[PDB]
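The data below hold one chain only, encoded as structure tokens and taken in the form deposited without the ligand.
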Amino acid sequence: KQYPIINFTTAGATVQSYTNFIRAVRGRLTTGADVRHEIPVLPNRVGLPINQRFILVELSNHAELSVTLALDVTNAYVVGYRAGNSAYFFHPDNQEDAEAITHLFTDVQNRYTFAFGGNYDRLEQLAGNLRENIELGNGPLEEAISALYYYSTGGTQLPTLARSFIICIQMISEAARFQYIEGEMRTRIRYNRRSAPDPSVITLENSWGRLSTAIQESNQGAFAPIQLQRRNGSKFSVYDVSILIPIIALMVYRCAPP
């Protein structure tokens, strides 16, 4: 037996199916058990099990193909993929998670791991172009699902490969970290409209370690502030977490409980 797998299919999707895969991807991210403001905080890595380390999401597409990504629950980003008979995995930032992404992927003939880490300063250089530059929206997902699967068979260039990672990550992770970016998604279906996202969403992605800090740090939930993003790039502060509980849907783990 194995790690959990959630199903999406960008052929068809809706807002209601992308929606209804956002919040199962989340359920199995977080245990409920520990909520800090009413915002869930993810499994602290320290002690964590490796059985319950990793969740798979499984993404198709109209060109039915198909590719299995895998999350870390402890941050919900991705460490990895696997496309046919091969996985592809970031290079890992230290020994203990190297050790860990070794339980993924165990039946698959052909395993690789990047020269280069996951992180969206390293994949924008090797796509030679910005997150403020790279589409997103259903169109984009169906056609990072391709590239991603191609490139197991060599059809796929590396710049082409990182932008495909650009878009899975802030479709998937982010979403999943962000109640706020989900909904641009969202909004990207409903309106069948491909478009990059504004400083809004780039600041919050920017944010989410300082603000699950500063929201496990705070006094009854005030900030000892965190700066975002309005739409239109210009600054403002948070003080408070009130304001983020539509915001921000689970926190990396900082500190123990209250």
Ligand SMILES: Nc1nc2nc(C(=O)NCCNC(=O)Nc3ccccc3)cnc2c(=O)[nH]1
Contents of the next structure:
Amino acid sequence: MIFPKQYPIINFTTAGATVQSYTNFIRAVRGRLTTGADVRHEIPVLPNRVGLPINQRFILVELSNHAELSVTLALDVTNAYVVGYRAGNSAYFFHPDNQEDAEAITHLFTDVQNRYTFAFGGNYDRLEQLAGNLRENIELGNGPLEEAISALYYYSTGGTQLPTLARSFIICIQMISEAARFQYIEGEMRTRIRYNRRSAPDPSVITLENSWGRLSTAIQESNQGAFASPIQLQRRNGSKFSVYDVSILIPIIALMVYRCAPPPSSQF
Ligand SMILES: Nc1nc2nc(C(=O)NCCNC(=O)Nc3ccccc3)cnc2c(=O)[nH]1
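Starting from the form deposited without the ligand, produce the coordinates for the form solved in complex with the ligand.
The complete assembly is shown below, putting the previous chain first.
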């Protein structure tokens, strides 16, 4: 047999990548993460986890290498989170947050011979501890990505040490999930690809990543766009930047996590 559907796959390679091919990739990931059901202040909202059928729950990102290697990451559509990956005959999942997530990930990579669930979760704090480095000290760009794809591919066979695996996840998550979430972070990665120059993320990138949930909730709870409480971000040079309203974020955030139902008066 072969029980219906199967999750959408988007392909990207680091080999010969360009600003245009990376832009096409991120646009496609955003297109599979959202449905068009839910747009607030011109900003798409991800599907609500509540009642979402398991057949619509994930997307697959197949990454390949100039080294001719390929790994497939699985992203949860509710939050763009990388929940695990497959490399040939092994799959690995981060420790699930709850029982319902544990069941859901049994629907991924269902014919791999070897399935493992890490005993650690996949949040940045945990991965930074394992990597022995913070995000601010881990270079991003097309070279880091090419190297991360090889690292994930060789984990099975003892080639990749834990610290290097956790660093490689840190690279993938920011270059795929965070770029999908934020046009600003997609733009940061386009710069590094255009000049083929790797560099660690500056405070503007890091404070956006750390603030995604808070900004999603502040936008969704706003009064016609106005925040009850401002949110402080940082500029590139580390100086503070106060956000009072959704308006200044329209060019910056591309997707929000679903927090609250939209109040009457906005998709009519
Ligand atoms: N594996 C993984 N790990 C990740 N870890 C983080 C991370 O710690 N974020 C720091 C906390 N920031 C934040 O507002 N989080 C958030 C809010 C709602 C839903 C998901 C994340 C982000 N993305 C990812 C991700 O996309 N995949």
